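In structure tokens, one chain follows: the form deposited without its partner chain.
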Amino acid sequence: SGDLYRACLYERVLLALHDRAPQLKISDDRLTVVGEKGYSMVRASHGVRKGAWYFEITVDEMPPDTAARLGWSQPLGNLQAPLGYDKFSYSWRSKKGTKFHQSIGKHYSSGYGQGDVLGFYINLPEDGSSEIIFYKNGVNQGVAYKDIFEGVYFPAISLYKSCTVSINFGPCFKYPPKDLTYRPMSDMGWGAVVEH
């Protein structure tokens, strides 16, 4: 078959063009972001509703008195609040490695900080128990949340004061999980196949 040889449309997965707190400072390549004062948030350009997906964030710089809450958000997530502030998102906090959802912080892992490469895994099986799992430098930190609200989840970054992080949607990861199957978030960019 020549089916595999056909051209198709591809679009980049990036931090969002307009779906972002306007105070966050985003790089020209749309993959690096710097915080500004109180917590505020940006979602990726693409989100997922079914299957298992993965992305990475590198904490480029995290000066004293700065922080991040990183994770996944539905579209209704509040852009002018920390990730995990409401029922629409789940986050992992740099400080103390606390997990947040609905403004409730619970024990999870130890903290993370500058230079760490964080991993973000989600599994939304279809008609299967949904799960959110975080990784730190390739090490599985455990299931943080199970049976989460059904919906579309976007990779999401919220930052407090002027720390800097970089997001990598794939397909090439620094610490690919050895214990789980998934697709890189970059696979969300594949579109219609062209006939020839």
The other form holds:
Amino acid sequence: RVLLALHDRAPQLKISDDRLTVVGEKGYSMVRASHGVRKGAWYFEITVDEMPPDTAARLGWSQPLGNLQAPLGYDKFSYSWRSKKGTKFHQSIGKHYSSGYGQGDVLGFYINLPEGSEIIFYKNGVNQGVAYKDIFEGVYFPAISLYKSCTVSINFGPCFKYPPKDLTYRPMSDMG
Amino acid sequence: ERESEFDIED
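Right, and the form solved in complex with its partner chain of this protein, after the form deposited without its partner chain?
Full assembly next; the chain just shown is listed first.
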């Protein structure tokens, strides 16, 4: 019920029939999920199915105005985590955050929007730290940006590969 | 296009 949005995606990205897998094409471009969140704590996972050394992803959360024809984290509307070097991006500013991630990894994506906000990334069940705090108010959508022909699969829940031990949340699938 | 094409420099 919660899926990659067909109406809200860069045309060059290749979306699977089940709308849970996406393949990138050349320069960065983005797709958002069909549902977003404004309040409370929420979670989803992305698995990197394939990612050769020349490809890359920036994954995280975007409001509706985030530019689909640019990397996630490019403008004020999104916050992202780069596979290459584990850099965090927002308004096109890259900052050190964690170690990088790649093919085979299962990344977790936590947000908390009390109404104090926080974005936390996970790698294979391991909390990589609070990336951003007190973020721009608005509705946030799970988001995927890809560079070149890598492939990733998103899971909105309710069944996660590495359900975090250290905090409470609802699966994004609760919105569907 | 480069991976870092959009990124602001330090």
